[PDB]
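Just the one chain here, the form deposited in one PDB entry, laid out as structure tokens.
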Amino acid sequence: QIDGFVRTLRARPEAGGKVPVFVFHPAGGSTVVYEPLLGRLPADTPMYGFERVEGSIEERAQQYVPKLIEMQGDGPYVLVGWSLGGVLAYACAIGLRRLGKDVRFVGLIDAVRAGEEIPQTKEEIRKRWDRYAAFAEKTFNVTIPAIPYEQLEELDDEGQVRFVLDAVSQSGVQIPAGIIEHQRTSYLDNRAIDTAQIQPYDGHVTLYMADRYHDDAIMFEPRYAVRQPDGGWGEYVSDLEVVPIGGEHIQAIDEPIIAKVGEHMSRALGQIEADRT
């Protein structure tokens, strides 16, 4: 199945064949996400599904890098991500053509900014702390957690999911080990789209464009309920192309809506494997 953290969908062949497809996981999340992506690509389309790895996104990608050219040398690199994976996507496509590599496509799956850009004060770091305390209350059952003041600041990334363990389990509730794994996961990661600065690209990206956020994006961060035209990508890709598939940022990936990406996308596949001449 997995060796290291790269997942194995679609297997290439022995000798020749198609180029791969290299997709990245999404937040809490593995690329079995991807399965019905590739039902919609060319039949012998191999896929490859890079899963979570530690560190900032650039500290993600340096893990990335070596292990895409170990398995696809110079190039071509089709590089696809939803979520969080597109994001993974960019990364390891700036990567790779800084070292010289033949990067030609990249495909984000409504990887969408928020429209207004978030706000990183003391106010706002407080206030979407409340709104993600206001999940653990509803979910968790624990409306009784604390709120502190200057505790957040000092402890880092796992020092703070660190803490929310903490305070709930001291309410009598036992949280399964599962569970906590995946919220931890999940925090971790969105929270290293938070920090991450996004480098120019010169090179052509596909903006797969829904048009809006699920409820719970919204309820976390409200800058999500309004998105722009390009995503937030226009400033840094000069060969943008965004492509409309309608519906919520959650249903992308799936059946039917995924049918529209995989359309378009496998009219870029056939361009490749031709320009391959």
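Numbering follows the first chain given and starts at 1. The term rigid core refers to the most C-alpha atoms you can superpose between the two forms while keeping them within 1.5 Å. Compared with the form deposited in another entry:
Rigid-core fit between these two forms: of 193, 180, 94, 168, the one residue whose Cα shifts 2 angstroms or more is 168.
Taking 2 Å as the criterion, residue 74 does not count as shifted between these two forms: its C-alpha moves by less than this amount when the rigid core is aligned. Relative to the superposed core, residue 128 undergoes a C-alpha shift of no less than 2 Å between these two forms.
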Second form
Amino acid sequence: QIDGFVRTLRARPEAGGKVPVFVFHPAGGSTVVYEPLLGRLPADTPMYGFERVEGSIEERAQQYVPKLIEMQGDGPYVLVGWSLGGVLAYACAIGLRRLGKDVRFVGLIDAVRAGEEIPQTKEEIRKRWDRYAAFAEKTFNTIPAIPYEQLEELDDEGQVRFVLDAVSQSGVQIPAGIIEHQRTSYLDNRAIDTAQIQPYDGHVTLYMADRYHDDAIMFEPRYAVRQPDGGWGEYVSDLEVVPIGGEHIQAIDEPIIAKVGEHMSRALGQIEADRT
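I have the form deposited in one PDB entry already, so could you send the form deposited in another entry?
This part shows the chain on its own.
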């Protein structure tokens, strides 16, 4: 049921059967979030979830892609993801295409670019932690002037490690389980900011919510603004958008996921017909 980083949501038949849907985890979550979607897909559609691994987006896809090929060989490949999972799906599609594999569907569930690029600068690191520090005041009581000089030369992992170490040495002992949920959620979402998105030659459906929910905007304000194409237009010539309304956070759940599943079911149906 769990094999390394692959979760079986519905096992494919022993031989033959329908084309599997590969789904990819969101930041801070498992691919159990795709069970509602599975319920809205055709009967006996296999689904395998790719769970968290370490590295940049590119390094994560470098681990996923060999496993995908082990499982599905030449294709067809159907790759689907919400949130971070959308970025991982796309990154895998890129890698699979470089290897000559047949990617037939990429389904992005409101995986939408920030309205402006996240600067990778010392100034931005300073500004970000000042914002977070001010919020943390209202939470677990005056933070001492952030030691920016150490902070600004660290990656996202080291930033969080430095801050967690400051908290620890200041007296507050956080349960490891809370540290882990918060830490991975934070870092896995931040990994997106420096994703090296390449142009893709195949079909992508973007299921487009109306807006990012407030917590995402508090995490990163530049998510307050989004473009109609979610930033994908310049990368994807064959881009279809399915408007689904609502907020990013709700896109993965009933009732909105019914709209995603209904559309994606037709795409899967066409793929299955074509295989004759």
